[PDB]
Amino acid sequence: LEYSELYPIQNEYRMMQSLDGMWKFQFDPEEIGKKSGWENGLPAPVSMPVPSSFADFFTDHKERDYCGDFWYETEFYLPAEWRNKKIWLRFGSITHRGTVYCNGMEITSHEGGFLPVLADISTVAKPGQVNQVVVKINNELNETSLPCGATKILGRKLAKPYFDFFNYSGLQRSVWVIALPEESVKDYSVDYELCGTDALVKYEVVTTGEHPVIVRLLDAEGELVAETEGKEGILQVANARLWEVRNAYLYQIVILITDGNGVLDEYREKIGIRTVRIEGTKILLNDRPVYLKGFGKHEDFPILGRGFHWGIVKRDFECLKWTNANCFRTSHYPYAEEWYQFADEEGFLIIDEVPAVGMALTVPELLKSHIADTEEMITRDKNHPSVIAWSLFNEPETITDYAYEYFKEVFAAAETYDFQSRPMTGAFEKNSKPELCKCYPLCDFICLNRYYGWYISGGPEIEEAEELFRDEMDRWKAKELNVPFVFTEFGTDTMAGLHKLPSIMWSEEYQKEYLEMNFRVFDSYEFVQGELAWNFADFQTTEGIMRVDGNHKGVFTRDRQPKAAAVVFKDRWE
Amino acid sequence: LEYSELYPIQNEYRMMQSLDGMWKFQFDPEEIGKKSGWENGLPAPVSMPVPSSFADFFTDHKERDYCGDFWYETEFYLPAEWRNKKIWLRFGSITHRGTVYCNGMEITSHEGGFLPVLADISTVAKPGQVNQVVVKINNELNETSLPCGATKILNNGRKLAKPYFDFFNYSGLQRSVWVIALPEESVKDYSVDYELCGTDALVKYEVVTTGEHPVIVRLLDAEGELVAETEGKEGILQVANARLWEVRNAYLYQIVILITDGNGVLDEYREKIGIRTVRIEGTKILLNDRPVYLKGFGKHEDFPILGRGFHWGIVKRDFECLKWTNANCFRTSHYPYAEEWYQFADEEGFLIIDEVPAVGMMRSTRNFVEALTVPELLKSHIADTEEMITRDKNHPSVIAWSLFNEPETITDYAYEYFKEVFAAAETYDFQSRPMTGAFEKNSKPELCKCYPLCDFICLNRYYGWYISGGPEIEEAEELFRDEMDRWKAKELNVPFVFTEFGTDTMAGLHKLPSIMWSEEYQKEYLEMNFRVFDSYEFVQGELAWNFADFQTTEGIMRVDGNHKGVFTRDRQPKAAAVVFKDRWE
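If you read the sequences in order, they're chains A and B.
For what it's worth, the numbering used here labels the leading residue of the first sequence as 1, then goes sequentially.
For what it's worth, the numbering used here labels the leading residue of the second sequence as 1001, then goes sequentially.
Hints in this document: simulated from the structure, not taken from any laboratory.
Just to be clear, a hint being listed does not mean it is correct.
Here are the simulated DSS-like cross-link-like pairs (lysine-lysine), alpha carbons at most 25 angstroms apart as the crow flies [as the list claims (entries may be wrong)]: (1) B:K1024 x A:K321; (2) B:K1441 x B:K1419; (3) B:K1490 x B:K1511; (4) B:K1323 x A:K24; (5) A:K500 x B:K1511; (6) A:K157 x A:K35.
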């Protein structure tokens, strides 16, 4: 990559300053901003919180549903001391695609709305002065970038997703301006081997120069436990304190660039010594089988939309721990980096998912976008101990040799980017029948999204649903694939407060009964090794006749309170 | 004050770095932290978001309801280039009281949970190194500090807050925290006051600095163009063809305050201000020499999960909802809000009644839930008043100070108490703008001794809810008119603003005919209240209780908090919201 994905830190060599706050903001329905000098400042802005999705602040439909080009602007004072450092704007994300300007100059553009955007403003930055950043953003959906959809023209544009979740957009994550030394740590990778009571931390370091590198490992108390020299090497850890499920331990890696007797740069990050591998039908963490228990989530909260906030992280993890979960999938896009940092702390397992949802010649361009997002996700997230698997798709077509050749390239790219070569998978929709699917052989383990008892034979037909479920799982069993299966979606829309005896679809009681039936099926097959329910919480969707204020398959409400079924998960996962 | 209330800025002379994020946090039920050295680091912390109230993250009662001592900790890297600066920790607030430590050393303590806490760490700060901050906080309620309440001790030693007020006892680090660096000689405070002279305006000012060097004051218009300049720590800026700050039509100048030594500039403070005058004339509230009728709400700092935690997103949604109702005003019930609320009101042209947390001074609810505590309470009350006014005086949005909410007012003792508060407020406010407080119904026109202290009178009344609700609503209207006729007959010639009126209203509860708690009853109640308001010339404002449903202590009279919101807690309109929109249009 032409930039670093490394999370920004502050020390003797690296500086950072937050640009979060109220930005200037303006819609550009006529698409004349770049024609009209907007990159030098917006002509008639309103204020817009950053980080946040813009949609749910407004009281009018056309602003909430805005689709097209729209602009952000802010000003920041740059400390004079940042002079002659490499100065970067770092956006947690820009959703979905955008062009960054600084002091009237075009800096960079990015496609993909859920991963960091880095813009090198070294040559245009004005140390000791007020600087200006302007971002042109677009939130349309197409079939050549992720996530896929269409754009309808009423000249007013309307996003038409091929995915369920609401098309939130804007500057949904924190924005920093940072300063790095001229020769810096750009990237590093760690991989682990367990040796009795000891451990090896294998590493590679990429810098922007040719000076020597020293790598140190500190324990949780900051004590030096290992040290070595070189951009490539092994850190030997005696009596290693392994990072364990729901029982984290984090070391601190310290990467130094040196020039004789002085340090040029120093990067530090918390990491966790752990191994993950698929062995037969088992998922092994540190050589012991683990059964995944948890949820698909979303970045979704009232008013903020996908806007990041530590308070949402904290509540969600307390709820997760209360259910006795150990895992979540980042459905259906990489989350803010902070979610992974916290999962590292709390010992949660993550399946990290690229926004390959909603899946013509456009396909070669789509593949490029999909591979680019995969590269960025893996480079960003590989050193989190929590991240134990990559999900490279959600419910694509998989039953043609055409689909096979496409995903072969994606998986091949993912493999080259992940230093750890940790398990890769994808979530299969029901149409990927065991007799037809061509893509499951690409996977280290198989993830199934199934709604037997909701979309199939729901309600009075739920007994039929269970037989149909068992019939499919019997077909999978007969294949003797010798791989683990994880259910990554299953659930029922459930309106909090809707009670019925006997239960009906949409009642709290039916949600319980549906889950109990699914558990019976899960527990009937030895090779099922994980259950991640859909969804952790009710979340916003495109409005329509099938969505009663978003998706109500949450086990929790949108404001994070338990429906009756939450207790069912709690008791089972205990 | 021994510190500056000025909002932090980033420029050539002043630096700031946010400490917001995930802090370490630990409850201290046995109160052993200090003797155990926790100021050097918490021994078994959990993670806690800052800014946020801590209560609503947890899944267990005892953590949510925790009352007593609890501790926060974080670490930060201090840029080497901050050496030879004055270095301060600035907490937007610390709720309710706390002691700030830095690098293991006690720095300062503060009482009052809703105003900035400044800690001078200059003598212990380590530039070019990681530094540590640890804060011991306490969230108990008592009768010698604001807001008032009691602390109950359960048989097993566990403490439980017992407020004398109807808002949940949220606490912790609810606002942003910065570490900042100032020049050794800096602008510490300034005040502006306005006079209108035809098409022109005068900006009278005072500047307080921490030194003796000369001061230069400039005023820039909204385009950054210089419109006035003068010299001296006291002076007058002459603005030709002034663009006044108007209700729901803001215009903001930028004041620029420079400290110089001739050779160069030592400090430069900048803030947006709005040229506007506020006065009471007879029964009229005059903004810029024209009557304004206040339309809006009492609010709260309250949102799901975050509690009172500050977030710009909440500000933005709330102001969009306010504008949609055609409101022009809110009261900061019942405590000063985060500074950002006022910054945004300035921008949006909203009027604010800024309220000190003098709530819970009602004898009835105290007894339900003194000679020696009242003198100490007065001191706390006056201190909070001084801090609020010093912090907020230069906002064009702030047009009035509310110095109490529903205290006892019918004794001569209460008069002497509030006489001192109002006297203090007057001396701290350079503008001497209107002062008021909100009166409960027990403050009968025949008995109240304190309303003469006010420049305009704010009434909290619930005729049709607590008094003669539902089938008796006709009687409620009669009783309401009876009281207002008594006020009318006093011919006080001052404006009256209703600062509370409303009904608990469950979203989705519909009934025909309406019942108390239904959406339809909220509408009917409001219509009845409007009919009464509109019958009296001297009524010049209506601020409904409340903007949005909000959290309270749980109990038999609170169904998941207070439901008198016109909006839900997640900021969506009940049926009554349109009633306000249509009326205020």
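Status of each hint after checking the structure:
The hinted pair formed by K1024 (chain B) and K321 (chain A) meets the criterion: a straight-line CA distance of about 18 angstroms does not exceed 25 angstroms. Of the pairs offered as hints, the one joining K1441 (chain B) and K1419 (chain B) holds, with about 21 angstroms between alpha carbons and a cut-off of 25 angstroms not exceeded. A C-alpha spacing of about 41 angstroms is found between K1490 (chain B) and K1511 (chain B), which places the hinted pair above 25 angstroms, so the restraint is violated. Restraint check for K1323 (chain B) and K24 (chain A): satisfied, since their Cα atoms lie roughly 19 angstroms apart, inside the 25 angstroms limit.
Restraint check for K500 (chain A) and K1511 (chain B): satisfied, since their Cα atoms lie roughly 22 angstroms apart, inside the 25 angstroms limit. With a C-alpha separation of about 20 angstroms, the suggested pairing of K157 (chain A) with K35 (chain A) holds against the 25 angstroms cut-off.
Hint violations for this structure: number 3 only, all remaining hints satisfied.
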